[PDB]
Amino acid sequence: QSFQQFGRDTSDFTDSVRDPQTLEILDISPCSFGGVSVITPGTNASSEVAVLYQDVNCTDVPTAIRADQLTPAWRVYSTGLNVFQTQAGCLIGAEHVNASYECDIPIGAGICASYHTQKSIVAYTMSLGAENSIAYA
Amino acid sequence: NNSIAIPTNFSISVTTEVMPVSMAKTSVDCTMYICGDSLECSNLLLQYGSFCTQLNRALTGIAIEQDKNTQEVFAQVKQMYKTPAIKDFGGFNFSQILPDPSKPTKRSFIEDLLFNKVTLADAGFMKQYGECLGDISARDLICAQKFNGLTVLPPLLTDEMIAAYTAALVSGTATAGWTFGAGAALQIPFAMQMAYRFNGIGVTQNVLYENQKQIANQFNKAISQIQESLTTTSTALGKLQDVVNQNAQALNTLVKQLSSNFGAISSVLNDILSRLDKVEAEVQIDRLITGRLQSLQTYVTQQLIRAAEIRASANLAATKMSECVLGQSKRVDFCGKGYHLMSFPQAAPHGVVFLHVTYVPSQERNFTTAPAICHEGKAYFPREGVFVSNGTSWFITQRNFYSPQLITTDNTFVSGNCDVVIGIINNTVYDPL
Amino acid sequence: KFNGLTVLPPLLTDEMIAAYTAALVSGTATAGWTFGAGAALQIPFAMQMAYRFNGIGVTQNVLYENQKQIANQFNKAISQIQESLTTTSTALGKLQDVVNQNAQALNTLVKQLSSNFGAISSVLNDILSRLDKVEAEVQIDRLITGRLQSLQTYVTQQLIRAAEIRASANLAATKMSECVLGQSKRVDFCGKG
Amino acid sequence: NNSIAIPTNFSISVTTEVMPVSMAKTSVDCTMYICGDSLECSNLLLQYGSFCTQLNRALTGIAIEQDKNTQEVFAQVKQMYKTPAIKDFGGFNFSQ
Ligand SMILES: *[C@@H]1O[C@H](CO)[C@@H](O[C@@H]2O[C@H](CO)[C@@H](O)[C@H](O)[C@H]2NC(C)=O)[C@H](O)[C@H]1NC(C)=O
Ligand SMILES: *[C@@H]1O[C@H](CO)[C@@H](O[C@@H]2O[C@H](CO)[C@@H](O)[C@H](O)[C@H]2NC(C)=O)[C@H](O)[C@H]1NC(C)=O
Ligand SMILES: *[C@@H]1O[C@H](CO)[C@@H](O[C@@H]2O[C@H](CO)[C@@H](O)[C@H](O)[C@H]2NC(C)=O)[C@H](O)[C@H]1NC(C)=O
Ligand SMILES: *[C@@H]1O[C@H](CO)[C@@H](O[C@@H]2O[C@H](CO)[C@@H](O)[C@H](O)[C@H]2NC(C)=O)[C@H](O)[C@H]1NC(C)=O
Ligand SMILES: *[C@@H]1O[C@H](CO)[C@@H](O)[C@H](O)[C@H]1NC(C)=O
Ligand SMILES: *[C@@H]1O[C@H](CO)[C@@H](O)[C@H](O)[C@H]1NC(C)=O
Ligand SMILES: *[C@@H]1O[C@H](CO)[C@@H](O)[C@H](O)[C@H]1NC(C)=O
Ligand SMILES: *[C@@H]1O[C@H](CO)[C@@H](O)[C@H](O)[C@H]1NC(C)=O
Ligand SMILES: *[C@@H]1O[C@H](CO)[C@@H](O)[C@H](O)[C@H]1NC(C)=O
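Residue numbers (the entry's author numbering), protein chains in the order written: chain A, 533 to 649, 658 to 677; chain B, 678 to 1110; chain C, 823 to 1015; chain D, 678 to 773.
Hints should not be assumed to be uniformly reliable.
Cross-link-like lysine-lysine pairs, in silico, DSSO-like; alpha carbons within 30 Å at most [stated by the list, open to error]:
| # | chain 1 | residue 1 | chain 2 | residue 2 |
| --- | --- | --- | --- | --- |
| 1 | C | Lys916 | D | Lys745 |
| 2 | D | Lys764 | C | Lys898 |
| 3 | B | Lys1014 | C | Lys1014 |
| 4 | B | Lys745 | A | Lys659 |
| 5 | C | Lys997 | B | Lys1007 |
| 6 | D | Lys755 | B | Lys755 |
| 7 | C | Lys955 | B | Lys997 |
| 8 | D | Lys759 | B | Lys898 |
| 9 | D | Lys745 | C | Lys823 |
| 10 | B | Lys955 | C | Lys1007 |
| 11 | B | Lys997 | C | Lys1007 |
| 12 | D | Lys759 | C | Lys823 |
| 13 | B | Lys916 | D | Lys755 |
| 14 | B | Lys1007 | C | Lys1014 |
| 15 | D | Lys764 | B | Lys794 |
| 16 | C | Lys997 | B | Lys1014 |
| 17 | D | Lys755 | B | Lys1007 |
| 18 | D | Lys759 | C | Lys997 |
| 19 | B | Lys1014 | C | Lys890 |
| 20 | B | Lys916 | C | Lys997 |
| 21 | B | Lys745 | C | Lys997 |
| 22 | B | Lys1055 | B | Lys764 |
| 23 | C | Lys1007 | D | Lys755 |
| 24 | B | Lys1055 | C | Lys890 |
| 25 | D | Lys759 | B | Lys1014 |
| 26 | D | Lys764 | C | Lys890 |
| 27 | D | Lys755 | C | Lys955 |
| 28 | B | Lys1014 | D | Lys745 |
| 29 | C | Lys898 | D | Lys759 |
| 30 | D | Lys755 | B | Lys997 |
Think of the hints as simulated: they come from the structure by calculation, not from any bench.
Bound-form chain A, shown alone:
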């Protein structure tokens, strides 16, 4: 409005503010920009992990986590060569194979990951079951 300085949500959280100098509206977003899942084998087995981001595109990953403001150890899980796009979101840290085994670690949306063979974390489409055919007459 003409006299408004800041807007409010339904949770009484300020989402927009008016700049006192060069009057215009600025939006405010949280720094914790999304939900993150960590996919791991046992620590006694290995120490490599995979990271799942919810409902983002794998182009849009190093803008949704602010990769420039993070340590370089986190920066290797923002981009890379083993990126994969699922219906749940973007999975980085595990390569994608074409085979279909049983489910070990259920990632979501039909994907299961396992510590297959050096050994590394792989991602695959889970197998529904053994294919069978019956001859009707």
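Could you slot chains B, C and D with the ligands onto chain A? The hints should help.
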């Protein structure tokens, strides 16, 4: 005491039963909900870690059970029988329930009509996060839920993957019959399968082999009536809609409860931090922390109770899947109101829909009955069925359908004399010579 | 009633539940088991009970020879039940426990109002009369929080008890459908025999 | 390995099984329980409305389920067969 009612005609009825299976999986974060992006609040929250590990463990235990329910209900058999090329099994039109290779999805037509009935107004695993940077008209509840750490995890099994299970089960029960559930798949023509299913009711084997065309026409008419009735009424699938609305209302209430200051001078924490020094601002912050922890505890408790109720419903659905689809039993009114207990499963958003095929007797005609007959001083009790009079002569026939038959020695058995029984009549017994 | 805790009446009148149970008993006495699957089919009771012995493994001749003896045993068993239902006070303990639990929960919810929750007095009137509300706001906040916590605890316990009653009612409905309306072969599902 | 037991007589036994069906439906009011007839307490309670709508919704959901249970158990058939005039069905005394 001497009149009976024996039906002369029957009918085939298909009834729908909808059962919820699973609900939405919700994950919460103590950070960016209780304190937000505030280091001063996060420093005081470190002493309440055990109050957060319990909530996370409870929610993960709920989510694993929700994923396990769909595994328990649908994947009864581990053999994926491919769908047959033909859809007519002895005059039975199965094209309405099996998928056809002319559409981008792999669901049946009735499954598409069921999926169009439920409106998924709530979101959490299909809405993009980058969409949450809209205008004043885009200030919706889902973006607030995502900004306050409330996330919805997607289910493990895709709906197109559930469709493969339901197509495999329907193909197996259409081709193999009841054999593939107990052991391996045993092929058998559908007509003898349906004759065997009639034999388990009490009706003789000849009735299907005489009236299979009329029975197939009644079956097709019933499926067409179900198809027509599933396109108009919006209250047929109210249970799944109620589950979705309850979950959305709980999440929206949890979001809206952040506006309470819990006795502090303000509800938002930013003016608490910027208006006072931290010596009494920590006293102000502690009340807000306690109130938000209480709200989280209440939400987790209600979600646990709802998950227990959904678990009970899913166990009942799995029992109905095992006992009524993979085979036929004699439990009264377990799956459908009638005699025949054969069923077909269909998928639905967070639920299953069973189509029960039942046999019901319709046309009635009264008769005179007698308990036994005394021919030559000996009682002749009927081996199966009851003794009936036409009005001038006597026959023996089964109770569930009127098929009169001449009284011979093979239809009856002899036991004792005919002076200890009450209401015995006198007639003749045919003996082949 | 003065503290806002009310009990709503049930929808179905007991004298109208009696109509349902009389209808079921009359239907299973006259029609037999047929009126549940489809329409009501009249049949003499001796033939129906002989058919029920036929589903056990006993031949039809035993009833037609010993109908008077089994009728006398049936009448004697009902007379023994009638005599046993007038002396023992622990035969119906489950419903009494349900009623006592509900009454005790309501009485505890009433009696929990005497706790001041750290305020200088339990009742609010002397809180308002004794101080200005600058600090009596802080005093009333604690009482409000405590009473809200008590209401939350009562609602949670009521929800758990309602879930247990729902499970028992589902079992009772299954027994009504399978044992009264028809006859099956599940061992010890309804009665030891 | 060559002996069997076969009963020569029987008996008819009637056993009782009592099962709960429903419980009492309870309604609560946040006003005139938490604050009573006091406008000063009622003014401060307006910030906790969402803490009371949840309780009311939960108790109404309990009450409707309690009403539904008795509907589910007893009314299996929708045809009210009238009571026959006689009570002796082949020597079976049903008058009790
Ligand atoms: C089986 O019944 C359907 C109607 O319920 C018949 O019509 C088909 O309906 C589906 C959608 O319900 C359409 O996709 C088909 O194109 C329809 N077929 C025709 C020929 O119009 C169907 O024909 C029946 N099956 C057979 C073998 O007659
Ligand atoms: C039993 O009932 C069915 C339908 O309830 C009857 O089938 C109908 O018969 C008439 C004339 O015979 C036809 O015009 C209809 O098209 C039939 N309907 C169907 C769905 O097939 C059947 O004739 C009856 N049988 C007896 C012996 O009464
Ligand atoms: C089987 O047992 C019943 C009772 O358990 C016997 O019936 C009794 O028979 C005696 C003499 O025959 C009568 O005095 C009693 O009044 C009967 N009691 C009842 C309740 O009817 C029956 O006789 C026994 N049958 C055999 C073959 O042993
Ligand atoms: C059925 O049994 C009862 C006893 O259980 C017989 O006695 C009747 O008992 C009821 C109450 O239990 C009284 O209201 C009746 O007045 C009693 N009747 C008589 C004649 O005293 C009853 O007689 C039996 N039924 C028949 C038809 O004999
Ligand atoms: C001073 O304020 C005016 C308006 O209040 C604004 O336009 C201007 O950019 C500000 N800064 C300077 C250096 O003038
Ligand atoms: C992200 O990918 C989806 C398809 O998976 C697409 O519809 C959407 O437009 C993409 N987002 C952006 C910002 O392009
Ligand atoms: C048979 O006769 C009885 C005696 O009147 C009658 O009540 C019954 O309705 C009749 N049955 C039919 C099918 O008409
Ligand atoms: C009844 O059945 C007898 C069988 O002998 C038959 O002769 C008669 O025509 C039938 N119909 C009538 C109305 O009696
Ligand atoms: C059948 O009932 C009638 C009257 O209801 C009676 O006169 C007749 O004796 C009874 N018959 C038998 C065999 O009990």
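Handout entry: Pair hint B/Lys955 and C/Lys1007, alpha-carbon separation not exceeding 30 Å
Key = violated, 74 Å
Problem - Given hint D/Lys745 paired with C/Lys916 - CA-CA distance at most 30 Å - result: Distance of about 20 Å is within 30 Å: holds.
Handout entry: Hint consistency between B/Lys1055 and B/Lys764 [alpha-carbon to alpha-carbon, up to 30 Å]
Key = The given pair, whose Cα atoms are some 56 Å apart, is violated under the 30 Å limit.
Exercise for the section: Would you check the hint for B/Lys997 and C/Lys1007, treating anything up to 30 Å between C-alpha atoms as holding? Expected result: Roughly 18 Å separates the two Cα atoms, so the pair holds.
Exercise for the section: Starting from B/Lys916, check that the Cα of D/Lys755 is at most 30 Å away, please. Expected result: holds, 23 Å
Practice task
With a cut-off of 30 Å on the C-alpha distance, tell me whether B/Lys745 and A/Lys659 pass.
Solution key: Given that 30 Å is the threshold and the Cα spacing comes to 29 Å, the pair holds.
Problem - Restraint check for D/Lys755 with B/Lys1007, where alpha carbons must lie at most 30 Å apart - result: holds, 23 Å
Problem - Satisfaction of hint between C/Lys955 and D/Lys755, Cα-Cα up to 30 Å - result: violated, 62 Å
Exercise for the section: Measure nothing beyond the straight line between the CA atoms of B/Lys1007 and C/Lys1014; if it is 30 Å or shorter, mark the hint as holding. Expected result: Holds - the C-alpha atoms of C/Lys1014 and B/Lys1007 are around 20 Å apart, at most 30 Å.
Practice task
Compare the distance between the alpha carbons of D/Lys764 and B/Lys794 with 30 Å, and conclude whether the hinted pair is satisfied.
Solution key: Given pair D/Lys764, B/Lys794 is violated - Cα atoms ~52 Å apart, limit 30 Å.
Exercise for the section: Please work out if B/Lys1055 and C/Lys890 have their alpha carbons no farther apart than 30 Å. Expected result: holds, 20 Å
Exercise for the section: Mind checking the alpha carbons of D/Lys759 and C/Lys823 for me, to see if they're no more than 30 Å apart? Expected result: violated, 41 Å
When held up to the earlier numbered hints, the structure conflicts with 6, 7, 8, 10, 12, 15, 19, 22, 27 and fits the remainder.
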